[PDB]
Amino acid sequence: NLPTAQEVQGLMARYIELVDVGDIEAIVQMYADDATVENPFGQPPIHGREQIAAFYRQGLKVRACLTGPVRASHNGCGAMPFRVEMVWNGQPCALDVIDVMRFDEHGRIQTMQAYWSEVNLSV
């Protein structure tokens, strides 16, 4: 059901583990079927698992690690800071991001907002 705060901490940590290994189908399964993603926040959202899978397939050697604890609420939401390390035109880079997620009553991500901009990239 709709995650408690402990359950949100666990779900968001699992998300980062899935991004880190790059398991696109497992990441997509964490989302509700009609979830929305705004990544970076400020951009038009993407809707549904097909579009979300496309987004992660395009983005995802990548590593992702939490860079602080998950902050969870008592209403099925949480926020976390992390860093993604990737290769862009042969150049290692890193991006610092904070995601905010809202989970539904089945423990699936209903909405995701990713906060970052070019200021958060390190080449």
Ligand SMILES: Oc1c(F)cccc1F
Contents of the next structure:
Protein chains: 2
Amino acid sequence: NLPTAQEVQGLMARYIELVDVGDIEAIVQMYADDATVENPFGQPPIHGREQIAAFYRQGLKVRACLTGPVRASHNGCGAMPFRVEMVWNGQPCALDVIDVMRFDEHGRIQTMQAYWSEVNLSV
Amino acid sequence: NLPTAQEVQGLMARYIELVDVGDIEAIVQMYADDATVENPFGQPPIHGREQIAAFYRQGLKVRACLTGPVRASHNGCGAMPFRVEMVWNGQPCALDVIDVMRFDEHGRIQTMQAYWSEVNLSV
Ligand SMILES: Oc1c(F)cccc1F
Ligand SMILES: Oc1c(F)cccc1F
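Next up, can you give the form solved in complex with this ligand of this protein, since the form deposited without this ligand came first?
Full assembly next; the chain just shown is listed first.
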């Protein structure tokens, strides 16, 4: 059901593990069927598992890891800081991100907001 | 005006510096006169500079520092991870937090959401 603070920590860490391996299908199954993603926050949301899948598939050798603990609330929400390492034209680079997520009463991500801009990118 | 991504980074870092010294009056002046604070996120908002001042004064020897970079957007918002160190009955302890902030068209914090629970506290 609606995850506890403890369960939020586990779910958000699991999310980063699945990014890190690049398991698109498993990432999509963490989202509600009609979830929204704003990535980066400030840009229009994308809606639904098909669009979210399209986003991860195009976005995702990528490494990703937590760069500090998951901060969880008691209302099925949390925020986490992490870093994603990638290649963008033979050039390695990294991006520092904070995701904010709200989970639904089934334990699926209902909304995700990914905070980052160009100021968080490093070559 | 509405801060740029760069200006958000500076403003959010300045906020942590002012927490760290414990300058209640300077912290309150960063907020809009009618700002809201949800701290921890999940709890009812407090509204306005008088209530916000009351919150910082009661909350704030405290140390506070960024534990990674400020993630800023292009719509006057950002998120940052940090740690606050304190004493709570002669016992030192620490709290890991992510704040999410939205700035107004004047550069003042209009809303702040502080993500953390008991799972982020350490004795
Ligand atoms: O959640 C994510 C990722 F998993 C990868 C890049 C950005 C982002 F916001
Ligand atoms: O913004 C803050 C602080 F400045 C201190 C403790 C918690 C918090 F959310």
